[PDB]
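Next up: a single chain in structure tokens, the form solved without this ligand.
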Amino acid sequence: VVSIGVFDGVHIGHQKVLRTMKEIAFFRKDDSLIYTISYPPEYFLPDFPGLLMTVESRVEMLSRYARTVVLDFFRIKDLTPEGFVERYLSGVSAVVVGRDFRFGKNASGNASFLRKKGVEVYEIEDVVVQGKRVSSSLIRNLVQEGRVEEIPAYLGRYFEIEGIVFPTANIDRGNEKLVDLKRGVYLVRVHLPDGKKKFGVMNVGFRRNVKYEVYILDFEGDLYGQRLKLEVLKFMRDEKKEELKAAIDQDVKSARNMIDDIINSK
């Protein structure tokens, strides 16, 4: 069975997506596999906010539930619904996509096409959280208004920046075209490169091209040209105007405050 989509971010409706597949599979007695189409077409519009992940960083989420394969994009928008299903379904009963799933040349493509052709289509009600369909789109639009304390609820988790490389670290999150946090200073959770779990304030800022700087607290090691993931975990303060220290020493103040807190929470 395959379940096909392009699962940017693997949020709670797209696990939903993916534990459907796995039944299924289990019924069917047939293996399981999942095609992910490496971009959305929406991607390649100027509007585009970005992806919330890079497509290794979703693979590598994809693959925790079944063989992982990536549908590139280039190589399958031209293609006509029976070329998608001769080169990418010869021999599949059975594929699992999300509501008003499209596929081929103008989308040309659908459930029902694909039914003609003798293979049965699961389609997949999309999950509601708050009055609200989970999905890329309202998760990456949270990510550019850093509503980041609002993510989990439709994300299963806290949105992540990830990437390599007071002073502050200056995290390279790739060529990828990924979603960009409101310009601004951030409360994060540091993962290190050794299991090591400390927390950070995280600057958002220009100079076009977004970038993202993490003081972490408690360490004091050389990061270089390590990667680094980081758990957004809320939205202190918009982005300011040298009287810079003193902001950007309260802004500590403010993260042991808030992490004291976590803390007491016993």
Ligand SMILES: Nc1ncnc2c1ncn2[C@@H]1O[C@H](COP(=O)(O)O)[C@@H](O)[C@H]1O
The other form holds:
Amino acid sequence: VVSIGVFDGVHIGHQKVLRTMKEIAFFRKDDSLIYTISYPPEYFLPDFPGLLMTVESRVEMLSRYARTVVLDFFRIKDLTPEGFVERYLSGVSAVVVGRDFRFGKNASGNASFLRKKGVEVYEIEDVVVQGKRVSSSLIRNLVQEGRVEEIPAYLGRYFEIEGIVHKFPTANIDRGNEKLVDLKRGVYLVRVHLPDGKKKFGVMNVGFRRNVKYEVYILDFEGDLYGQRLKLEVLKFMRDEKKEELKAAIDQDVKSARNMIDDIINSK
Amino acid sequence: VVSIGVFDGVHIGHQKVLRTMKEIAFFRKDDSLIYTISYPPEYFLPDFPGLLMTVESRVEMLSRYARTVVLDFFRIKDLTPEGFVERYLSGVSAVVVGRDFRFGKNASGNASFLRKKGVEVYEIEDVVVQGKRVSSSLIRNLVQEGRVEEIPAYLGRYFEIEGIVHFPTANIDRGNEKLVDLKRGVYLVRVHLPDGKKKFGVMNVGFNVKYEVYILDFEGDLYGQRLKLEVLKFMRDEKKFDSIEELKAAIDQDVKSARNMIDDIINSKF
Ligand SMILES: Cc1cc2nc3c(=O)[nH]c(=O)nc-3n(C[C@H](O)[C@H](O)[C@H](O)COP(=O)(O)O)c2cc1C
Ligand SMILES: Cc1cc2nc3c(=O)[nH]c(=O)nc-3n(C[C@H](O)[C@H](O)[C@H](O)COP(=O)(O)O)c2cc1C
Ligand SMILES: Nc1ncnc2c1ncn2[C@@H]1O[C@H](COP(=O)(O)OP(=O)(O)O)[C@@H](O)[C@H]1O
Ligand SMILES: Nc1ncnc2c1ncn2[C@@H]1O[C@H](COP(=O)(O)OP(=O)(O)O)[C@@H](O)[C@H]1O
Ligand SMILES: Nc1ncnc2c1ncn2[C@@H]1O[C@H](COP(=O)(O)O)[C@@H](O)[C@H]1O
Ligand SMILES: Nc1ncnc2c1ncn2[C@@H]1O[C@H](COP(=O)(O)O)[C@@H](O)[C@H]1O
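Other form of same protein, the form deposited with this ligand bound, not the form solved without this ligand:
Okay, now the whole complex, with that chain kicking things off.
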């Protein structure tokens, strides 16, 4: 029994499907297999916002659920429905998908098809947080419009920026090379997970050059992060990206951060 | 600094103007301000093709460049050049526009006037594309011939139909403004759904004019939500079908080419 799809971000509508995968599992005595497609057709277009995380990262969550097998978009973009079943669904007798799920050169095959190929399709009806069908798209935008405080209602958690370092002080994050989405330009209140389990707060600014840069000033930290990797949770969108008195502006933020922080701490 | 004119479509011409503004201003630690004249004289004359987008849409885009302010046409329409200057340009150093920029009753207002009155007018050379001065007027003719493929070249992006929604086909209410109509026929389009998803779809214009799109791989009520539709390719002439089925056939023959062209649009990135 397997659920197919991209699963980018692995949102709440995603987790729905995965769990139902566990159900149809037990009551079938079968084992579970997630089939995560590398990229959506869109990815290969200019106006594509971006992925919410790297595939490597996505197969970290998808994994913590079932056994994930990544399907390469190049390798399957021309396979026909029949071609697909044969090369990827043999032996399997049931899939878990959503009301939309299509597949095969020209979306040639719906669930009906798979049914007529001797396979059971358990369609999970759409999940919707506040009037809209959760989706990577929908989250892909709030990220663009700086609406971070609005993401947990869809992502099941805070949006995250993560990468290798270098390449005030501020740490420069290299989110890798995949075509990832970028946040509205600006200053953000962030939660930093450092090595050794450390979770320090910080402020992160995002600016141009075309390109977008990610720099965080981690509060109360004074060590070397040059080579290290980091995972930052974007909690709040503080202020917009501005204009030699900048060293004076950041303090608005820092002194501000310290305050938003202490806000929670008190509200036991 | 300040820029003036209608700005219907905000095409590459319009952009060179707004970008020059955005610069002439940094060179001065000055501030931008766009004055968009709601309409153009033709708008109220026999046979006006209509605008490309609603004034609201238009302000929307201009907004990303700088503070925008709309001026009723009917108002400044009568003002004399000094009048106009006395009401809007006061204490404003620079004014970015391009050749052929005029203002005031009977167009007596021009760049020389602003200059003689202490304001620095920075004309911009007309932007040519394939031996043509980019113009809101041009683009309109294209839309009208269904030559939507040639549009991005001048317009700087894909022509776009929009409105409120009022196999199944969504009925777009473009609005009550006077907008330009496409050649009646069938088009491949790219839909921008309320939620945020972008599905391909196929639109048909026929006949005022009626616009209805059948979005590919999609199901859900949209009655009441807005849709922006990038018009990507012209496929066929909206013809008469004396038998319902001949239509069902055609419509399906349309959705077929749709699907393939789409495969083309992607197998063309590697
Ligand atoms: C909390 C924080 C807030 C910042 N806010 C801004 C800002 O609003 N505008 C800006 O231009 N730079 C800001 N910066 C700094 C730039 O990111 C900094 O100049 C960096 O070196 C990269 O910018 P650069 O490529 O222009 O040199 C901020 C830095 C920090 C740590
Ligand atoms: C892709 C697509 C192509 C269409 N092509 C035509 C066409 O060539 N001729 C036609 O009369 N109707 C066509 N239709 C249907 C009309 O748009 C339909 O009659 C609709 O109800 C509006 O037309 P009406 O106002 O005359 O009823 C097409 C519909 C779709 C979705
Ligand atoms: N509190 C801190 N926040 C961000 N980086 C720090 C901090 N403390 C030490 N560093 C280190 O210093 C580097 C930033 O160096 P520097 O060149 O001085 O500034 P910039 O951020 O402009 O590149 C980081 O790569 C990191 O290893
Ligand atoms: N894939 C789709 N394409 C077009 N409309 C759809 C689709 N799915 C659902 N709809 C909805 O169906 C309605 C259009 O219904 P229909 O009566 O069949 O078309 P029309 O009256 O324009 O010929 C709209 O409210 C629209 O939001
Ligand atoms: N919001 C949602 N509600 C229900 N099912 C969903 C939702 N979002 C995704 N799915 C299903 O989960 C799988 C997700 O893959 P993808 O759409 O590529 O992210 C597909 O089989 C979808 O139908
Ligand atoms: N193709 C072009 N190249 C350079 N400037 C242009 C072009 N088309 C229009 N402009 C300028 O941009 C402004 C556009 O206003 P309007 O002509 O009303 O749309 C006027 O001040 C024109 O001089």
